[PDB]
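Trainee: Okay, here's what each chain looks like letter by letter:
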Amino acid sequence: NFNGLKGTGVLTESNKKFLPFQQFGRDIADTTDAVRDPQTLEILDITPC
Amino acid sequence: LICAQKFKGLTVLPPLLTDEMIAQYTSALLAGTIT
Ligand SMILES: *[C@@H]1O[C@H](CO)[C@@H](O[C@@H]2O[C@H](CO)[C@@H](O)[C@H](O)[C@H]2NC(C)=O)[C@H](O)[C@H]1NC(C)=O
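Chains C and B, in that order, give the protein sequences.
Numbering of the first sequence is given in the authors' numbering, commencing with residue 542 and proceeding in unit increments.
Numbering of the second sequence is given in the authors' numbering, commencing with residue 849 and proceeding in unit increments.
Derived from the structure by calculation, the hints contain no laboratory data.
There's no promise every hint is true.
[Said to hold, decoys possible] Here are the simulated SDA-like pairs of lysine to any residue, each with C-alpha atoms no more than 25 Å apart in a straight line:
hint : chain 1 : residue 1 : chain 2 : residue 2
1    : C       : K558      : B       : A852
2    : B       : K856      : C       : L546
3    : C       : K557      : B       : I850
4    : C       : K557      : B       : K856
[Said to hold, decoys possible] Per label pair, the in silico range of CB-to-CB distance:
hint : chain 1 : residue 1 : chain 2 : residue 2 : range
5    : B       : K856      : C       : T581      : 25 to 33 Å
6    : C       : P589      : B       : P862      : 21 to 29 Å
7    : C       : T572      : B       : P863      : 24 to 32 Å
8    : B       : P863      : C       : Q580      : 48 to 56 Å
9    : C       : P589      : B       : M869      : 28 to 36 Å
10   : C       : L546      : B       : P863      : 35 to 43 Å
11   : B       : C851      : C       : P561      : 27 to 35 Å
12   : C       : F559      : B       : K856      : 21 to 29 Å
13   : B       : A852      : C       : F562      : 26 to 34 Å
14   : C       : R567      : B       : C851      : 14 to 22 Å
15   : C       : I584      : B       : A876      : 49 to 57 Å
16   : C       : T581      : B       : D867      : 44 to 52 Å
17   : B       : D867      : C       : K557      : 28 to 36 Å
18   : B       : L849      : C       : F562      : 20 to 28 Å
Ideal placement from N, C-alpha and C gives every residue a C-beta, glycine not left out.
With the sequences and hints as input, model every part of the structure.
Mentor: In structure tokens:
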């Protein structure tokens with residue numbers, strides 16, 4: 542739960558190129574697939590269980 | 849990534865007959881009708 546970003550699954554490590562103003566990540570199915578942690582500045586990827 | 853976004857329960861199953869066996873049947877029919 543990162544500021545209302547509730548979900549269920551594992552959080553693997555992703556290293557895709559983003560923009561400083563771009564923190565969210567969506568997909569074709571309009572689901573939150575890639576996220577940026579709010580405290581620390583790395584990138585996580587939601588993968589289901 | 850349109851093929852790999854199938855996390856939402858949408859699976860594609862392979863056919864029982866593979867391409868090599870289908871081609872072998874095709875060659876068998878061709879041989880039977882030529883010789
Ligand atoms: C969040 O606030 C903490 C202090 O409460 C700071 O984190 C420190 O950031 C410096 C960066 O120069 C590190 O050297 C320290 O080790 C950090 N301390 C920690 C994590 O306890 C900073 O202001 C903020 N941190 C982030 C990651 O945004």
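Trainee: None of the hints should be skipped; say for each whether it holds.
Mentor: Tested hints:
1. C/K558 with B/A852: Given pair C/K558, B/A852 holds - Cα atoms ~20 Å apart, limit 25 Å.
2. B/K856 with C/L546: holds (19 Å)
3. C/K557 with B/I850: It holds: about 18 Å lies between the C-alpha atoms, which stays within 25 Å.
4. C/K557 with B/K856: holds (22 Å)
5. B/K856 with C/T581: 25 to 33 Å: holds (29 Å)
6. C/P589 with B/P862: 21 to 29 Å: Between C/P589 and B/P862, where Cβ atoms are some 22 Å apart, the hint holds.
7. C/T572 with B/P863: 24 to 32 Å: Check passed, 30 Å falls within 24 to 32 Å.
8. B/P863 with C/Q580: 48 to 56 Å: For C/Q580 against B/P863, whose Cβ atoms are near 49 Å apart, the range 48 to 56 Å holds.
9. C/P589 with B/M869: 28 to 36 Å: holds (35 Å)
10. C/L546 with B/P863: 35 to 43 Å: holds (40 Å)
11. B/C851 with C/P561: 27 to 35 Å: Holds: the Cβ-Cβ distance is about 31 Å, inside 27 to 35 Å.
12. C/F559 with B/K856: 21 to 29 Å: Hint holds: Cβ distance 24 Å, inside 21 to 29 Å.
13. B/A852 with C/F562: 26 to 34 Å: Hint holds: Cβ distance 27 Å, inside 26 to 34 Å.
14. C/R567 with B/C851: 14 to 22 Å: 18 Å Cβ-Cβ, so the 14 to 22 Å window holds.
15. C/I584 with B/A876: 49 to 57 Å: holds (54 Å)
16. C/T581 with B/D867: 44 to 52 Å: Because 49 Å falls inside the window, the suggested range holds.
17. B/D867 with C/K557: 28 to 36 Å: At roughly 35 Å between Cβ atoms, C/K557 and B/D867 fall inside 28 to 36 Å, so the hint holds.
18. B/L849 with C/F562: 20 to 28 Å: 23 Å Cβ-Cβ, so the 20 to 28 Å window holds.
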